[PDB]
Structure formats: structure tokens, C-alpha cells
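Single chain ahead, written as C-alpha cells, the form deposited in one PDB entry.
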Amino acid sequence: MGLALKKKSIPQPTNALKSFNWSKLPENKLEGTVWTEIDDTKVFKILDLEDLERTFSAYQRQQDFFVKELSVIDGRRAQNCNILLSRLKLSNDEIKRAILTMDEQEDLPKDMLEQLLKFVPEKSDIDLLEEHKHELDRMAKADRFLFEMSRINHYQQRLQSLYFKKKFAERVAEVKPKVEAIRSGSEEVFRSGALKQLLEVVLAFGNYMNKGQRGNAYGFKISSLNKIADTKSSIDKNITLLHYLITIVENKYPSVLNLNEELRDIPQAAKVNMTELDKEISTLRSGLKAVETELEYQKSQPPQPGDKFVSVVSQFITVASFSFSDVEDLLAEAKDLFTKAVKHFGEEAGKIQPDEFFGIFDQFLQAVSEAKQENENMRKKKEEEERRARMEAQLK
């Protein structure tokens, strides 16, 4: 609309040609751009149109597998589509039937649907392929497919829903343990006595130790935990403060022994990445909304033979919508308990994620584990060294 775009002389091809496949610029977005100085009209007064037409005919010789043939779609898309079709091994008819039955015969695997979703007939294609409904007869395999599917109502959404349906158990399954691992982790850390008593003794150490103005501390960043081994003994450069804390704590604070047990879910919580997790959550949320929307639309259409969408989907959403309402419940719970634990140990508001937060304790729990072992080794090497001393003396 508007006098500006007063284009005019459109010399168009007497016969069908192959298509270009550009991305047109809307009339509106055209102001103050190069296109204000470009007029394709000027070119036509010089172009050898007849040449062009025979050079890029829509009809061509039997472009053999991966007597004229009609091919409009560009070679790029055309090829990837044929590669897809070949792995798929289903006639257009079978495919159509499958997406209209939400694949009751289970002919469309998850990996394929994902692929199908990559080559859906866009607005442009339908328009370009319309001028040939009369001869879909011998119409390039690729070209034929895009049309056949484009003739299915809401094919895009029909697919996306079928894919989402197929990939819902998995997605929900892989999210529950993650959210639980944070729930469980947040709690354990919050109520472990072994951990609490551990910190108490460490604080004493640090206060008696680095005296001066470096002490008189009432608490320290949990990370400090992983710097305890940094302090080396003066008797033996291998006996680290952590080794010490461990030996004395075991002999004056036996309850601490149950540290790993009251922190059993720490490791499988140090791996959970809140960011990533939030994604998987949205994928499921938005995905659901899409399905519901498509279900509603579908419900407002007259029934049909073989179109078991509404049937199948209404059943899905029921089950799905419930199970997810659940995931989202536990999630908020878990996230709630996390920030609680976070603040509980001095860490700033929402500035640390579980993989790191729990990372901190997970690393310490290792450090502790291997030092506790290094400690036994020295306890044995010291005992054998003492049975020698005894007998070596006894003998002489």
C-alpha cells in the first residue's frame, strides 16, 4: 500500500522456473535503506529473459535418486529432504496417516520426528507449490513431500505436539531427580550435626591459630573448608591441618564420624546446574502450553476420519498437565529450600548455584575422605615401625 511502492511493469515467465529462496524485506522496513535506490525494473530492460527461462526450468530430466520432472524447491533444502526421506522409509500417505493418528502404529521414532520438524513446508513453499496441484504427478520427491504435508491441517503443530508427547516421560524423568537432589541436598546440609560440630572445632582452630587481628572470628565462608589442608604441620610437611582436625575430631567428637551419611545426597546435587535445569523446565512448560493451545484449536474443528488428535491429545494433556503441575510444585519447594540453606551458611542471596554451593562441600567431603585414609596409612606405618623398635631393642 502507498504511492511510494508504485512498482509496475512485471514481466513474468511464460513457463515455470526454479525458485530462488530469499527472505523478502517488508515494504515498511524498506525506508531509508539501499532498496530506496534500487529498481529491478532497470534490469529487465537488459536481461535476456528467454535465456534465463531455459537455463532454470522448473521441469528437468529425471534427477536420479540420492519424461520430465518438476522441481521448484532449491537444491539445498531439496537434498536434505531426500536424505531425510531415505532414512525415514515411509510413503507420504503413511506419514500423513501417522501424524493424523499421533502415530498409533509407532512408525515415527523420536529421532525422525525431530528431523521432520526441521523440514516443514513454510508459507513460501505452499504458495510456490500451489501453481502445480494439477501435476503433483511426477513432481520431484522432495517437492511432492512438502506439498503433501502442507495439505495437512496445522501440520506444524500436529508434529510438534506428537514429538513433545513422545518426549515427555524422559524429560520429566530427567528433571525430578535433579530437583530432588537439590531438595535433599539443601536439607541435609541444613541439619547435619556432624557438619555443624565440624565447623565449631575448625573455628576454634582458626581462632587459636592465626591470632592477632586475624582471629576473633564468629564464622567463615564455607569455602574456607577447602583451605584447611593448605596449612601444613611443622613436624611433618605431609600431615596437613585437615589430617589433624580429623584425628582430634574423631577422638573428642565421635558423632562427626556420621558426616558422609548425613550428607549422602551432596555428591548427586553438586552436579545439578540450576540454569540448565530451569531450561528443561521451560521447555516442558512452554511445550505444554503449545499442546493445549493446539488441542483447543483442534477441538473447534469438525471431526474427520483418521484425525485422532483431540482424542489422543486430550488424554495426554490430562495425564501430562497433572504430572507437570507436580514437577513445578517440587521445583519451587527445592529452590525455596536452597536459598534457605544458602543464607544458612553465609553465602550471598542469589549469587551461588547448587553445583558450586554443594560443590564446596562435595570437594571437602573428598578432601576429608582421602586424608582420613592417609591417616590410617600413617597409623599403620607407625605401628609396624614400633613393633620393630620393641623387638629390635628386645633382641639386642
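Shifts are known only where both forms have a C-alpha. Positions refer to the first chain, counted from 1. Only the largest set of C-alpha atoms that superpose within 1.5 Å between the two forms is called the rigid core. What changes on going to the form deposited in another entry:
A movement of the C-alpha atom of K24 falling short of 2 angstroms is seen between these two forms when the two forms are aligned on their rigid core. Core-superposed difference between these two forms: one segment of three or more residues with every CA shifted 2 Å or more, namely 382-396.
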Second form
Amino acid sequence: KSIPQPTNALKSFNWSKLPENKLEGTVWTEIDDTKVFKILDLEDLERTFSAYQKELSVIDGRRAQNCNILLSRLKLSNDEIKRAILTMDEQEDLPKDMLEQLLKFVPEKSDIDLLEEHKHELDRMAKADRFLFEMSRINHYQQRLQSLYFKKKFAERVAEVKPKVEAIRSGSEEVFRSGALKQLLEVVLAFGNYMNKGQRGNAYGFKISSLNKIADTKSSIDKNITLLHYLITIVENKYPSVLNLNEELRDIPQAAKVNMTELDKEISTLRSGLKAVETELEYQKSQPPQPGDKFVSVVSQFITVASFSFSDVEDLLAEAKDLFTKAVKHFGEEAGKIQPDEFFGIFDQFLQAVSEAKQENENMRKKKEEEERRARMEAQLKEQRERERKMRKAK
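Form deposited in another entry structure, per the form deposited in one PDB entry context:
All you get below is the one chain by itself.
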């Protein structure tokens, strides 16, 4: 083994050791620190990196300064911090954003091993060192801290995810049962089968993305009248039911915005975080009640509502994905190969286009009433002077 050890304790080097079972291939086979000790002025090393300064400081300066920032922000003593953890923060001294930061500065195995070396010198310890040591004394510090954070973030995390599950469920259902859309597809099929002479045009169906190409066909009379303007106009007196499309697909714009990777990522943290709280509740239940420890009392209340609430979220999600699968197939898309953002994005762009066309049409119609009054007035005003000329002729 062989290395010598100091006269007094030293500051630590925050390294990560390689397991010995990972050597044999490596540089370290060729390396041997035991000769360095003879070469180095160890006395100088000890003086310049002593543990003392007189305060005990062993945790590295970077990590220590990061703590001192958090502690100056949290404004709690270690006694206060332990009470806040133990009572699951009944005085509300640990906001979400502080718990988050506190979850980054959780003492590690090697940190505690080190401060253990100085357990008889807590009163000499620098602020960060004493904080990390005191925190390592609280039973199941990390998993109480994780549980408190999860608890405080559960309501907003369910509120984030639920509207997205509703959008997929609703849009999927809407697209599947909309009679305005099904009648429009049949009229548009007719249009293409007539316009696309011969072959190119014995279709029994088309891809839903084709909807977003209708406005691309332009009138040979006026080039700002597209085939979509024309559809929307024809349909008024021929298939009026089609005009209920914006109403029947009202939740498509919102379903269009649901990212499925991010949805699943949210359900994933909710699920695994809830299992982690349940696990810590089983550990904590199997431990003798201590005064000022309110974990079992509080976490049980939370799981009751949280487990019911998430179970329901999981149900709405399972069923929403089912309907989406049915809706995808209903329009000839490959299940698995298309996401809601894309599928409902086809429909949402179309609704934006149908909406734009509706308006532009409406602005045309109002020129053709503005200028029909020109033909109505000039018809009556022409004949009025004509009656006063036949009077002037006779007279």
C-alpha cells in the first residue's frame, strides 16, 4: 500500500477515484505515486494547504462558496433547516426554488467520510463544512428533501400535464366524428377527381396534408380567388353543414401544440417521483415515532390525494393515446409514425387557411354590395332624369 500521512490534517482534493476493477488497461498500471513522496517537500504542501484556515476548512473552495451563496439566500441556521426538513416545512421557510438548490448541495459519501474525520471539531468548522456535516446527520436527508420538493411541485405539475392530455383526447375525438370535415373531404375528393383529368384522378381518398394544398390552386379569372375561397363559397348554399368545421374542431389548435416527448417526460417524473415518496413513506412508517418528526403524518395525507390524482391522470392519458391511434388510422396515417403536434398541425394550418379564406371572401362580398348599390342607384337615378325629359318633351 505504502504512502505517508501528514502531521496535521489537510484541505481536500475533490477527485473522483477510479475503481481498481477498472484498471489493468490504463495509464495507472504505469504510474506509482510512492516515489513522489520522497521527491516532494511535503512540509511545504502541509503549510500551504492546511485544514485549519482558526477555522476548519476541508471541503473545496468552489463547492464551499456555492453553499455560502445558498445559505446567505436561505437565511436559515442549521437548527432551522433540520426543523424545516423534519416537519415537512410547516413554517414555510423552504420555497420550491431553495429546495431545488438545496437538492444540488446534498452531502456525498466522500464528503461525509471526510467531515467524519473531524467530528470532534464541529465548532471549528467553516460555515459550509458544518452545514454539510449537520445535514448528513438527519435521517434520510436526501429522500426527505426530494419528497418535500415533489410534494410542493405536484399541484403545478399535474396542472401542466392535464390540459395536454385533454387536448389530445378532445382533438382525437373531434377529428374522428366531425361531420363538417367528412362532408368537406367528399366535396374536395370530387374536386380533384374532376380537375385531375383521367389518371391522377380516380381517387377514393387522399392524404390529409392535401387539405393544405387546396388554396395553392388559383382561379383563371381572378388569381386571389383560390380553390379554397371557391370551396368555402360553394358550400354556403350547397353543403352549409361544412361551415361548422371551426366549431367541431375547436380543440385542434391546442392539440397541435402538444409535444409528446415532453408530455411523457412530465408523466415520467410524476410517476417515478411518486413511487420514490411512497418508498420513503414505507421506510419512515417502519421507524419508531420521534417528536418533531411529521413525515409519516404529512406524507400519508399527500399520497392519499396524490395517488388518486395521478391514477386518474394515467387513465386520461391511456385513453387519449387510444383515441389518437384511432384518429390517426381514420385518416390513413401509419400509427406510431406520426405525433399529435404533426397530425393536428395539418388540421390547425387548414383551419387557419379556411379562416383566412372566409374573411377574404367576406371582404369581396362587401365590394359586391357596395357596387350593387351603384347599379341599383344609377338604375333609378337614370330613369328619374328620363321621366323629367319625357315631361320636358311633352311640355
